[PDB]
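Taking the form deposited without the partner chain, here's one chain by itself in structure tokens.
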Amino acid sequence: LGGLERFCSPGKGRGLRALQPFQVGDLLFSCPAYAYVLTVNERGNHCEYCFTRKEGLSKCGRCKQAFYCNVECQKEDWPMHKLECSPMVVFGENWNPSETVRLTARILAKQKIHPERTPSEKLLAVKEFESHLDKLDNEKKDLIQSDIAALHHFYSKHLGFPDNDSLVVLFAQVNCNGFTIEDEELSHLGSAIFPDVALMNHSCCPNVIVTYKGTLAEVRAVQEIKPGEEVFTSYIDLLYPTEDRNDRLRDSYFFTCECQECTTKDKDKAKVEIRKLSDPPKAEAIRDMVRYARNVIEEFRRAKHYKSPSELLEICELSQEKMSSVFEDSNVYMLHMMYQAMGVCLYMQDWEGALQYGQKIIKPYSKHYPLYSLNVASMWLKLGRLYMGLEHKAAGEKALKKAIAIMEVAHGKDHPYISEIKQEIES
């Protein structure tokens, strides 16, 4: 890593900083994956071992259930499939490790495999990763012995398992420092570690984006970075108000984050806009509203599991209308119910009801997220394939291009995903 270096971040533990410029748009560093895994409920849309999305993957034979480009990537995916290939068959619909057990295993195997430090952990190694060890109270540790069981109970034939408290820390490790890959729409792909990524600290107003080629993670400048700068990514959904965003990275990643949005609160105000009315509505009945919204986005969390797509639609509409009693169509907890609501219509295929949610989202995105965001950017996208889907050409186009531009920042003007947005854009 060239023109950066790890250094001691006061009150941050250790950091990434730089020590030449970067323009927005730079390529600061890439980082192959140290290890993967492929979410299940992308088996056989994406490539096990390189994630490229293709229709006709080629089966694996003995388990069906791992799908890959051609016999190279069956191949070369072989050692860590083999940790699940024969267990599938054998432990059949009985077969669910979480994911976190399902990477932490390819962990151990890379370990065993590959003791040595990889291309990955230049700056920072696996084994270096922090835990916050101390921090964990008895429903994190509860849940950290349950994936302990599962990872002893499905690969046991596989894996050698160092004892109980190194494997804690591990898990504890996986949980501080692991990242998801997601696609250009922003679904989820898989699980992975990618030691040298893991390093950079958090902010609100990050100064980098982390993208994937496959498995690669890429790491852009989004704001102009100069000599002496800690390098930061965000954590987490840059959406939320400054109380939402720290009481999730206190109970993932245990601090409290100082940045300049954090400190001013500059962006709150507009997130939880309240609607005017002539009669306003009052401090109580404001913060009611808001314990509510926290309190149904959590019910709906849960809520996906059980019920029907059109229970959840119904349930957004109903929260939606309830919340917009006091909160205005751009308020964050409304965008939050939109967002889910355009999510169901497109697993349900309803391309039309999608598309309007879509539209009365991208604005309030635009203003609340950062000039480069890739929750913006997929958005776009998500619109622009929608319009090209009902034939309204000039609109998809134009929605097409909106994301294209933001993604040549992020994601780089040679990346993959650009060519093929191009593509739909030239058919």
The other form holds:
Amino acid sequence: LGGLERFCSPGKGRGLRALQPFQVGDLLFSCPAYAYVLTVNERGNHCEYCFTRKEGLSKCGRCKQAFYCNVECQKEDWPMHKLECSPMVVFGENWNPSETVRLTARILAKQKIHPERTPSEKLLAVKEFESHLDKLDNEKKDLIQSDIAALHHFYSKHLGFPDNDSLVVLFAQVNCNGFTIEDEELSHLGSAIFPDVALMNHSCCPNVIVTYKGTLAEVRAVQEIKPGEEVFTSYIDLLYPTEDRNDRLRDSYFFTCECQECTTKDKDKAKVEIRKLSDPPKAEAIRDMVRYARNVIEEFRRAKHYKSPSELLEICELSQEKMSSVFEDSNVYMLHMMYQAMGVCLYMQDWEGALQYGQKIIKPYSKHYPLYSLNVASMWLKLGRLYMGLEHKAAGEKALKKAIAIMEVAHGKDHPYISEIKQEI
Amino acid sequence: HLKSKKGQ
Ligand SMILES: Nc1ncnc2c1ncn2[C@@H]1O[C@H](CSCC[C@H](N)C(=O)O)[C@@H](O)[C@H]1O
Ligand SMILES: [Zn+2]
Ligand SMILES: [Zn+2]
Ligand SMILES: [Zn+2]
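Form deposited without the partner chain done, so how does the form deposited with the partner chain bound look?
The complete assembly is shown below, putting the previous chain first.
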């Protein structure tokens, strides 16, 4: 952070800019997690303190729901775990606080223990976070109050809570600044607050990428950065068309991106590719299928939580065949359902069906995503681990090297992950 | 939701 500084970026608020050149691959800075939380569905597979994935984790003797590398990771996490250790025993199977509430809880506990500036807040402090309180509508304030109620519902026996109005601000700050920690396959590991990483503004053609070493965020260049140039990360999945991207960005972050990808709309034509029929859909018919695809995407998202895998496959297959009458296979909405179908096949342990989908996805993914995308890398890595599991070694190693080649740039040549994948080779 | 590369 010596060759970097915060500044006022016109029309963007505060931001981060380079004071020195950065080549592709260079580490700009690392940031320790101010607060972090392991997701519920990853309990028992990951250490809750350092996010180290290993076997043979020690259960928390009292709750039997927290797992640790050892006694040191148990004792070091205790200040954060004590917000949950007893409520998990008492509430039983009705302890259902959302991951946001869980994270927000740890934030307040951290402010009690370490009220002064942490190694996480060298350039931007948690108290200094943007909240967009002034922009919040009814539904957003309503979701915040539901989170505040659940915070006192499950945590009152443990944490010092400020007034309602400070918690509105904090929850708003969390939504604006928070990060999801993802693994190598871009699966949801947990949620964290990285104050210094939160200083960076968004772009759909970013010059940096955020990766994780346990609970430690690392920021590496994916484009050449010059002195005086602002550093942009990306807040969202960049597969989708400009309208889709900015609907998500206005919704969650209260801004419209004006990057070169959003200005030119360069990739939209290929992203929403229409087939070459003698009777091609009208602009209205295209509009209607696109409106349908985005509604199906949202429905499948909420359907994922409860519907059976075979039911989930069905809607993926139904969506595809309907859209395939006007959309090409490299169309992004086709790719979405293909990706979701691939994931269901993986849970079903249909390794052959999963590999089939992955093969249809990889080439269009390389086209739509920017260079050094971990979206592309993890798809290669999924393909690779599928070829290897099915004893197809030439195709497996080739795909895994494609993954490693990107991950060296994004993760750094000697990240624990790359040596994990090299062992597979 | 929170900042991520995926989450379809
Ligand atoms: N490409 C972009 N264009 C305009 N505003 C942006 C942007 N990327 C990020 N922002 C702003 O930054 C917020 C995310 S937090 C990033 C730091 C923020 N600029 C600050 O001063 O605290 C967004 O809600 C939005 O207000
Ligand atoms: Zn541990
Ligand atoms: Zn416990
Ligand atoms: Zn953009």
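Under this definition, the rigid core comprises the largest set of C-alpha atoms superposing within 1.5 Å between the forms. Positions refer to the first chain, counted from 1.
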Which residue, chosen from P162, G214, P309, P280, moves its CA by 2 Å or more between the two forms under a rigid core superposition?
-> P280
